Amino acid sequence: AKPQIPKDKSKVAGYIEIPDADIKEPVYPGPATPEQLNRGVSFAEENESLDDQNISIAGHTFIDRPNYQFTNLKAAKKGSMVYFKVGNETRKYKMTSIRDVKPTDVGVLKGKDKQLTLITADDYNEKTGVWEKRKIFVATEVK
């Protein structure tokens, strides 16, 4: 009954939408490596589960194309609606105040309201397997 994330990294797992920022993107399986983000927005981790309290999704910030992936995500303010479609359901969330923040460099983020952590990523470092430039945007489940 539960929605599943494709084992084949090349298949679209879902759709993420953020109207205030004009973002509508097919979400692909993780981890979020250059190749996956080359296909499109993708789950940050290979382990991700659509049943987690926190689901992480990462996208590029390529300011050459204002509207490429999560480049314009900063245009989404508090209260902004976020839609995450996964086959059988459309989950709605609202952007909280935790947005456009350095990962644990300024903030921090169980038994808590389901949320979505959208991540803008750039500067991938092959030696460490880390995107060096990242901004966090947390949206909280509505219904």
Contents of the next structure:
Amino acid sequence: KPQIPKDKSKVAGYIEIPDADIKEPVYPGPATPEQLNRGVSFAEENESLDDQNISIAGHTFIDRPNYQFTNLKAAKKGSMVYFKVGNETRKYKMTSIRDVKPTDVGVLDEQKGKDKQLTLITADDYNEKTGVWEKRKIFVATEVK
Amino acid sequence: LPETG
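Next up, the form deposited with the partner chain bound in place of the form deposited without the partner chain?
Entire complex below, previous chain first.
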């Protein structure tokens, strides 16, 4: 089964969202500033490609409109999302849970039902004291299967 | 949880 590298400097996959012109290599988590400096990365260090919900975080940087997840808001309901691993191209469609604040604006959409999903997180303003990206917006995509 | 980054 698809495995995420132990070496944090090695690419684990590729994520693409055509409608938003996003094409990025995905690195192992957790998503710290160093990891996001490398590219978008898995949310948690213990993430698994066999999980029902796979989370990937990406930066928002206005100096570079098409950098990582800066242009993710351009991906509306129904937008195709491609997650490429070594042996498969997984396809997902953006749901109505998009561009929403992590808490109270939106929550568990399919984390338990309706199948496999990808949770894309735009991250900004990392707080070293708490280990949290204070500025976050989530986008949930469900597998086309 | 939804998650964080």
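Residues that one form lacks are left out of the comparison. Under this definition, the rigid core comprises the largest set of C-alpha atoms superposing within 1.5 Å between the forms. Numbering follows the first chain given and starts at 1.
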item: Moved runs of 3+ residues, each with a C-alpha displacement of 2 angstroms or more between the two forms on the rigid core; value: 110-112
